[PDB]
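Have a look at the structure below, then the notes.
All protein chains of the complex are present and in place, except for one that has been dropped.
Labels run A, B, C and D following the written order; every chain starts at residue 1.
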């Protein structure tokens, strides 16, 4: 066993080794390994992505206009963000400029993905970390009613309602078929919700799992379907007809009416079910505002997203601000450039890939996706990893670094970047949120902080949905209808040789697509996805990723039951197929 | 002014004359006139239908297979019942016999119409007679919450919820644009609901006006659309395909799933919103169990409906029993026959029609629809009726009589007939309903009785929906798929000359279609509709219809504000385009 | 069956029918794949793509039946029946080969029939066409969709065109040289 | 901030249009009434009856003269001095005329107000005449159908409120958005009609696969609506999807264009597969008689 210092942390692989494989209630395949000491405190964390498909390899020689379709299928959870990132990049390459409505629509697609994705995470994925499902059976419905009513103006709150929910669950469990709750962690001393809050939570879990499906109808309108909607280089396929013959063949007043109604319902739901539940989880699990800080008080990153001036990815346009903080200096929010080779780099000295020189970092335009599985002395075999070898290669996830710095991306990062940039909206949203919890600003830089921001972001996104819709309608009122540019749709008209960058904020963090074209064909296509940042292995200098960082110094109550581990991990919203692609 | 006795009543047209034209919150066009004495008690009532279109005349000489489509458009409120009555009759005439599923589906269509029609009436039409909308603005939301929760396990009951509802109404009214509540009757001393019940009521009014739309999706599946779904002589067009290639072109497992989900939601809604509100309107407006009795304790009629054995309209099959009671003798429930000329008759000596002899009554197979507007000395003119002349002709509604007896039809009638026939289900539903209100059995024979029964009937119908669904599914399970018979679809195969009777219970009462065929053409088609029974003018013997009867002896608090009149009338659920056709 | 009975003409009347169907098949067939410029307004009353589709399908019939019996005659009139030796006939005939254009032509049109009817019968007419449902099952085993049948069918057209270019020269080479 | 005043009258009607309007899924009927317009008079929903209802009517048409929208559902009869439809003791046509003269524009809801619908079918006993034949000095938007599609009604309303203008119309008076194209041209079963694949009698093998209803007298080929595209009741289904041919219920005098169950005159029909099939069997038959003499099989299929 060896020991070294990095980023203010003491990484020590001596002491009992715990293995969490497979990580559940995440997207895709993750393996997590740790070391604990005599005080049951994590002194080493190992973040391994246990899947790979190779989109970067597949994309080569393809018609760039076909690319969005391929890379959308990177992830079904964050469905659509990759397509957006694609079209963005191909347009950056060819030099295509889309019509206003195309943008306004795309922004709607993204705001929709945020609202839906965040909601499903909070309940279906992360929820059970905090809500002791089986403890709901010991709740008094009348007090559950009284509680929900004290926190929220949400209509569904009758004592009879919570009683049916309780009984249905009692029916479910009564047969010995716990299903998804089977061999869970219920009764762990870190579950801190009272009987009544547990039932309130679980009822909301089911309501959410019902409502989620309706949000995506917005995708179904513009995109055609969800999961995996459709897009084009040049704008959007979903031509609009409002008062001419054959509006039945297009986006029309009725279709727009559908969208409108889902916006209202989505906003209302998030604001009155998720938002209050987030604050309530904050209330009862308060000490978690100091556990799982990780990189969030050192290095955070945002590219920026939601360009409100069409085809202007500049600062004066992106409604969700970009920027980076390093070394915990939040007073100086540095500008990020995706073209600059001394900024975004990817080291693979600890990943299962092959480079000419594996000690240097490659900027995505120089990216090399050459898979090479090679785990080394893992004390087992190649077909049986009992214990990963973190000294060498140990993940299918490449290690990206902003200027060599290990970064955290995602909702929490977006919030700190936005806050310290001076964003009028965000300074009022965070200050009131933390004041409501009687916690200081720093309380936000935590495992609890991550959940709280995500919920805030869904609220923001749903707000923004209505804003975008309105923008679209004002254009329609004002005779502006165009949805696509076709001037450069033909390959004959593209530069013989060119390249471009596609960037946005996916629900999980900062997303970039770097693409290169040669003779109407994809020459190179490289992807750097949010969870690739967060779940990142170590680099040459031994620096740790956002994940391994947030797990360090975390106290475990029961070592064989890794709830404390799951809590911290899920709060980042892991998406492995995204991270590995 | 003249005075005479009839059916235990003293009809006196001396004293102040009151005119309610047009009657609102009903279907179509009605004029009501009354006389009051010194004690402000109704001593004369006049029931006039102020519209006519003439379906019976139009139908003549058309293909009997086209008839359902024409007569369905008799009424858009009770949409579909007339089509059902039609197919029934053409099949009775030709001798057709439909496959089991066709029936099970048709019964579904009807149960659906019952659920929907009753619901919309209770809230959108009749509701405002009992619920003082503007008084909701003086309600305390917290107590409104506490009240709703005491009455019902319905989820939507949070104090915040009733507050938003109140505020939205306050916003609505605040502008001076009362809209539909404009110049209403609010603050009348017969409004007996407390502030909190008024808000609870109005919130349900809106929830109902929202939910009602979803019920008819069941029609949309099988019928294609609602209003005015599609049917065929021989069964139903909606061919079923469950497991074979091209199930996408038919009623399939997904479609049946949709229906299923609507059934569940409709049942749940009626049981937890309408049913409780009905009982609650019963609680606070209790003295109305003795006002507006009318014919309901003398003569009541049902034809029967919902044949569970396919093509068997016998007693051992109709799930909703038939029968008639006369002279208040409910121990002897007489069998009804629609073929028998000494049973159902139609006198027009007080209607705007022409007969060879206008003193006799014609059974529908001898029916004559010859319109002849002739009001007589109305003290005004032909184009300006200031006061109808009830001594002569005064309505577009024919006067039907069962064996010369003036009958009441509809939900209250169906209930007494069902009850006194010994129906195990109905004796338990009524006894518990009246016991819950601490009212005797006779309390049901009233304006309040009428509302209560309607609500009970929707509950019954929604229960029966699930029953019919299950039946259809059991057939599908058991490889029974046929939805239509086609042997006698060709006119070449019909009897050269034949006749038939179609009968069922529409939401408002007893419906009959008498049809005659000659050389593949409609020779005669006569209709006797529920509201034609209820809103019936007088006959040669001066006997009064169900309406005019229920209005007699009713005390009015304010004469110029005819709430007492509207309450009694709406409780019958008037449908004038139905009554006149 | 809408008509009945003809009798039969001289045999060259069946060659000309082929070439005509052949040509008609090619034109129409080309525009199934690369369709003409879009037309406009009120679809009920116009049906262009459908006719160039209809003519194609029925030309196919006339073609298939003309060819099935054109072959039925060729090898019953032959009396040559009714690997080892095919690698010995090409080794003394190297020590004018347009008879390998008869075999090439023959096989190409047969290939076209099989591929085309795999596509035409796939709205499962269920009738006699069940054999052609193996053809689809094949192409899936191959690697992919029924789409490939289109791609390969179209390929057949060009390859057939190649044999025409190789015929009509070979033809007009001797029609011109009339010494 | 104030909502736009709407007056909604009813003549001879079945009330299927008011029934339809309230079926609207987006925006909700509720939300239209509380937020989008001020429905100031509607016999079917309003609290006031009798001389109270008379008073609201008079007050609204007076105070908002020149400023309000007139919705009309159903139509006026002309026979028997118009007394086939009496309103407040006087012919309906009088209430219509007084409401019309005060309105800025008129929506004619359904086939009744647009064309005449059922009350106006042979022999038309009441002499029902459409609104455009009685009111000739105002703009009238005809939104036909028995009924029109709820979401279309509401959508038309939202267009008018959002865009503050009347929808574009064909020469007929129908909004172009939903009435610009025939049912037959956005029919999901066109594929079958194109092939020559028809339902021949109800519940036959054809009908089970959702083949074309053309031969069951579907009249979609001559009916302008949006049912095949927008569809009924929150996009659940429509006439044709549910197995019945289009009756053409959005088209003038459709009640009188023969039976609902017969063909449809002067629509070009020529089957892709049907014709090719006949060509093949017609050619096979030629060779069959010329060489063989017809086919007496034994397996009839054999391929397994």
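We adopt the following convention: a contact is a pair of C-beta atoms (placed from the backbone, for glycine too) under 8 Å apart; a residue touches a chain by one contact, two chains touch by 3 or more.
I'm checking contacts with the chain that's been left out. Which of B:41, B:242, B:334 or B:427 qualifies?
From the options B:41, B:242, B:334 or B:427, the contact with the absent chain belongs to B:242.
Specify the residue from the set A:107, A:144 or A:226 that touches the hidden chain.
Checking the options A:107, A:144 or A:226, the one contacting the hidden chain is A:226.
Among A:8, A:54 or A:335, which residue is in contact with the omitted chain in the full complex?
Going through A:8, A:54 or A:335 one by one, A:54 is the residue touching the chain not shown.
Looking at C:36, C:71, C:74 or C:100, which residue reaches the missing chain?
Among C:36, C:71, C:74 or C:100, only C:36 touches the chain that is not shown.
Could you tell me which of D:184, D:215 or D:244 touches the chain that is not displayed?
Per the contact definition at the top, the residue touching the missing chain is D:184.
In the full complex, which bits of chain B touch the chain not displayed? Write them out.
241-249, 252-254, 257-258, 260-261, 473, 477
When the complex is taken as a whole, what residues of chain D touch the one chain not shown?
So the residues of chain D touching the missing chain come out as 181, 184-192, 194, 209-210, 228-229, 231, 235-236, 272.
For the chain that got dropped from the picture, name the residues of chain A it touches.
Interface with the chain not displayed, on the chain A side: 19-29, 31-32, 50-55, 57-58, 60-61, 63, 65-66, 69-70, 73-77, 79, 120, 124-125, 128, 133, 168, 172, 175, 177, 179-186, 206, 209-210, 212-213, 216-217, 219-232, 234-241, 244-246, 248-250, 258, 371, 373, 380, 382-386, 396, 482-484, 486, 489, 560-562, 566, 577.
To be clear about the criterion, only the chains that are shown with their structure count from here on.
In terms of C-beta pairs in contact, which of A-D and B-D ranks higher?
B-D
Taking each chain's centre as the mean of its CA atoms, how far is chain A from chain C in angstrom?
The mean C-alpha positions of chain A and chain C differ by 56 Å.
If you average the CA atoms of chain B and of chain C, how many Å lie between those two points?
About 68 Å separates the centre of chain B from that of chain C.
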